[PDB]
Amino acid sequence: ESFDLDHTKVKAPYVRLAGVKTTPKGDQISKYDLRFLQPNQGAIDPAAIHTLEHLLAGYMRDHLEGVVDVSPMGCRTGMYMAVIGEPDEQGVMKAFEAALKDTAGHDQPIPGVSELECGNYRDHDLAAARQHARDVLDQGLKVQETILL
Amino acid sequence: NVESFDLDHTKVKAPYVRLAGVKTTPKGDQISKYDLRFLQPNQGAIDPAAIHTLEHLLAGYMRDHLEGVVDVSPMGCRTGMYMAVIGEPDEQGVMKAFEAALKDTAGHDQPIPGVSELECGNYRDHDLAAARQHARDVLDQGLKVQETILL
Ligand SMILES: [Zn+2]
Ligand SMILES: [Zn+2]
Numbered sequence: 008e009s010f011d012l013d014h015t016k017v018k019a020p021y022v023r024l025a026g027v028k029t030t031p032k033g034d035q036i037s038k039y040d041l042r043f044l045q046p047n048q049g050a051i052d053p054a055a056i057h058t059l060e061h062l063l064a065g066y067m068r069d070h071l072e073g074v075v076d077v078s079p080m081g082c083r084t085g086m087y088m089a090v091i092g093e094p095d096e097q098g099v100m101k102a103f104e105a106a107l108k109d110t111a112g113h114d115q116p117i118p119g120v121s122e123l124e125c126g127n128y129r130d131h132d133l134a135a136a137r138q139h140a141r142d143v144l145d146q147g148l149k150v151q152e153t154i155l156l
Numbered sequence: 006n007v008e009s010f011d012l013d014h015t016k017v018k019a020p021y022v023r024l025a026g027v028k029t030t031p032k033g034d035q036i037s038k039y040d041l042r043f044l045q046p047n048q049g050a051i052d053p054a055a056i057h058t059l060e061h062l063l064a065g066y067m068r069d070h071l072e073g074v075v076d077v078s079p080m081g082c083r084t085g086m087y088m089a090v091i092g093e094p095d096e097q098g099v100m101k102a103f104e105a106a107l108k109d110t111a112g113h114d115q116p117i118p119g120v121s122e123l124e125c126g127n128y129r130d131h132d133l134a135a136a137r138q139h140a141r142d143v144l145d146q147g148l149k150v151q152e153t154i155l156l
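Top to bottom, those sequences are chains A and B.
Read in order, the letters of the first sequence correspond to residues 8 to 156 in full-length UniProt numbering.
Read in order, the letters of the second sequence correspond to residues 6 to 156 in full-length UniProt numbering.
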């Protein structure tokens with residue numbers, strides 16, 4: 008359910024199946040590591056990753072069915088997303104690429120930003136979230152194999 | 006809608022446990038999403054290092070007290086944690102599990118598990134003392150099952 012990854016051997020940015028949990032009725036939940044930054048070489052600011060969370064919640068769903076949710080990782084170098092379905096790194100990679108283009112081009116208010124809809128509405132940074140999305144697309148994504156410790 | 010309730014964040018009372026949405030799988034299992042709220046929305050936020058440490062600790066302690074955990078992640082607003090669980094909604098049972106995991110967290114005086122350049126993507130950004138104090142603050146205030154008030 009959670010592969011033991013060697014963080015010194017991956018090459019960001021990438022999409023990686025991080026684990027798979029089988030449900031009691033026989034379905035599968037695939038977990039993905041959506042890595043923007045190389046582990047231990049810098050982190051996304053908290054405001055920017057919060058904004059990425061709000062933007063990717065809707066844009067990943069526009070390009071991929073079965074999304075449970077997209078969340079920030081505590082290490083702030085990427086996002087975690089669980090999907091209901093069999094593993095499909097290629098398809099998730101294409102959906103992530105399309106959602107990042109949407110994110111980089113998002114030039115309207117951030118969705119769900121108010122004291123009513125967000126637990127820290129003052130901590131957002133649209134420009135930095137858009138630049139991180141452009142940065143990933145500029146470097147280029149790939150499907151990263153899990154290298155175990 | 007049902008996968009992610011449209012909560013009016015001004016009406017909740019932290020700290021609390023709240024079912025935040027439910028998504029079903031094709032064959033029929035439910036993925037219950039929970040809002041594990043430490044701080045009152047918009048009244049402060051957990052430091053990034055401390056929430057990162059809470060993620061590493063609660064990943065194992067929630068699993069010690071609750072079956073079917075998909076994962077425990079920090080919310081982007083940093084006022085709490087998000088957790089998806091395979092099973093029908095059970096706010097009371099999740100509340101009891103979370104309380105037990107917070108007691109484990111408050112009493113964690115051993116290395117944070119998985120903290121190294123090999124095992125974590127930002128190994129220097131951790132704060133065990135602050136994570137422990139956040140956990141003790143929640144237990145001191147007292148948890149409850151928060152109802153979802155919609156906008
Ligand atoms: Zn928010
Ligand atoms: Zn970590």
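Quick caveat, the hints were computed from the structure, so don't treat them as lab data.
Take the hints with a grain of salt, since some may be wrong.
[To be verified] Covered, in the sense of this in silico footprint (three residues per stretch, anywhere, with C-beta under 8 angstroms from a C-beta of chain A), are these stretches of chain B: (1) 30-38; (2) 80-90; (3) 117-131.
Positions of the beta carbon are idealized from the N, C-alpha and C atoms, including for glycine.
Right, here's what the structure says about each hint:
1. For the region 30-38 of chain B, the stated coverage by chain A is satisfied: 7 residues place a CB nearer than 8 angstroms to a CB of that chain, which reaches the threshold of 3.
2. Check on the region 80-90 of chain B: 8 of its residues sit with their Cβ under 8 angstroms from a Cβ of chain A, so the three-residue criterion for coverage holds.
3. Counting residues of the region 117-131 of chain B whose CB lies closer than 8 angstroms to any CB of chain A gives 9, which reaches the minimum of 3, so the coverage claim holds.
Checked against the numbered hints above, the structure breaks none of them.
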